[PDB]
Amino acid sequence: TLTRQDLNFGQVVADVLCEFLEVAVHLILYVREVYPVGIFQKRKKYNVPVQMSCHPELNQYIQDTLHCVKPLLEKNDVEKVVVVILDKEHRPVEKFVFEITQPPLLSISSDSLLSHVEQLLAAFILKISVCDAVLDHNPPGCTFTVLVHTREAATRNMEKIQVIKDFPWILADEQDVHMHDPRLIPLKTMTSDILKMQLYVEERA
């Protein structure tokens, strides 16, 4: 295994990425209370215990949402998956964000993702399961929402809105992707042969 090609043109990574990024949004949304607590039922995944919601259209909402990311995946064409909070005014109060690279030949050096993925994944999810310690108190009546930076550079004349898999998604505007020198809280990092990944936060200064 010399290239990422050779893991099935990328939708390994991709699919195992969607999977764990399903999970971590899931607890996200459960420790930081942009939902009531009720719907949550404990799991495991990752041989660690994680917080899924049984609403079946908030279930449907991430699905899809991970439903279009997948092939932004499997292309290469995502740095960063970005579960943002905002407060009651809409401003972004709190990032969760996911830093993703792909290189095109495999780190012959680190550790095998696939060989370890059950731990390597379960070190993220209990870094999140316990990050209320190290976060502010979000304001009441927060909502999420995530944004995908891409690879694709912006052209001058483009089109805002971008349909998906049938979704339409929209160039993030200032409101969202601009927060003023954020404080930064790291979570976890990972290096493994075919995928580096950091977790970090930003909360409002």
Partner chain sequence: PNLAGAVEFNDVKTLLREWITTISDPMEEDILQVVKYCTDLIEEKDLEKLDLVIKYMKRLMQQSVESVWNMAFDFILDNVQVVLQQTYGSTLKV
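Positions refer to the first chain, counted from 1. Here the rigid core means the biggest group of C-alpha atoms that line up within 1.5 Å when the two forms are laid on top of each other. Compared with the form deposited with its partner chain bound:
- When the rigid core is held fixed, the Cα atom of residue 61 travels less than 2 angstroms between the two forms.
- Comparing the forms between the two forms, the C-alpha position of residue 161 differs by 2 angstroms or more, with the core used for superposition.
- For residue 97, a C-alpha deviation below 2 angstroms is recorded between the two forms after rigid-core alignment.
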Given for the second form:
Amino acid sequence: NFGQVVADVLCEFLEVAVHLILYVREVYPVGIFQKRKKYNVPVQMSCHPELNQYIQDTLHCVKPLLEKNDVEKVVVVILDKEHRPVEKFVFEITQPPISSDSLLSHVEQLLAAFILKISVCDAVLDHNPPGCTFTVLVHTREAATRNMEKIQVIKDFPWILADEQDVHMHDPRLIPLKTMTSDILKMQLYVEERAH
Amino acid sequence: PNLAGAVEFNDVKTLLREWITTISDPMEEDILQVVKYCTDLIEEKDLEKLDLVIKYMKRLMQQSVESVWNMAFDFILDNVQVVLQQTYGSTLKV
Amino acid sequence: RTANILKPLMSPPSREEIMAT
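What does the same protein look like in the form deposited with its partner chain bound, given that the last one was the form deposited without its partner chain?
Up next: the whole complex, starting with the chain shown before.
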């Protein structure tokens, strides 16, 4: 039944990680971010209300699909000014299907390490051309009608199917940051980065 | 299952350590068994480990011990990369 | 290439609308 608590845990995590990525990749100016501590790590978090709302609407809508485990990967895509994908932060997900105490805090211990990898990830990636936008993509496991239904959870925040233009990146080179395993969660974060 | 001889990253290090430093030999069986270990990390969706191993083997093999270890690394990289290209649609890094 | 990829219709706020502070 744990479907919902892992979804809980992951959503709290992806919010942290998304914010940090927008900061570290400089998709938004230093100045709307405020220093915070999460999983006991120094992080940044926008306090621009609409950006925050945006990121939240997204995670709120994904949540139920995590609960039933239909999401295969969640990907944050940085786009150049021509709307061509420059790089993607790929969170590949598994939820293996029971429990003896403090499992959750061990899981957050492991996620902390992802947050760090993100915060020192300029060391391994080439910087983007300026005027980059970003977007979120949710790759479902199954191509399923049911998926569209459970994702349409806020009117005023619809989802559509992606185009080839949203996903095609020519010649990707791969930069893994972090992998983890546990009884409840298996996840890896790698970056797919455009070649030139 | 995973293992070169066996398993945890920092034990796979010690084994690669004792191998590349002391040996200085082309045990071709053995290069092969490293390719298999690497491509299995691919299939186990364990890319962080795939990268630490590939990067660590670059450090220890590129420095030298003649050059046998220089073609070896090249050879391992080649096969890892063709497999990555088919299973992730991506080549690795450095 | 298939359609198991979902996307929000709405765009995140532009760099400009932020600098609107």
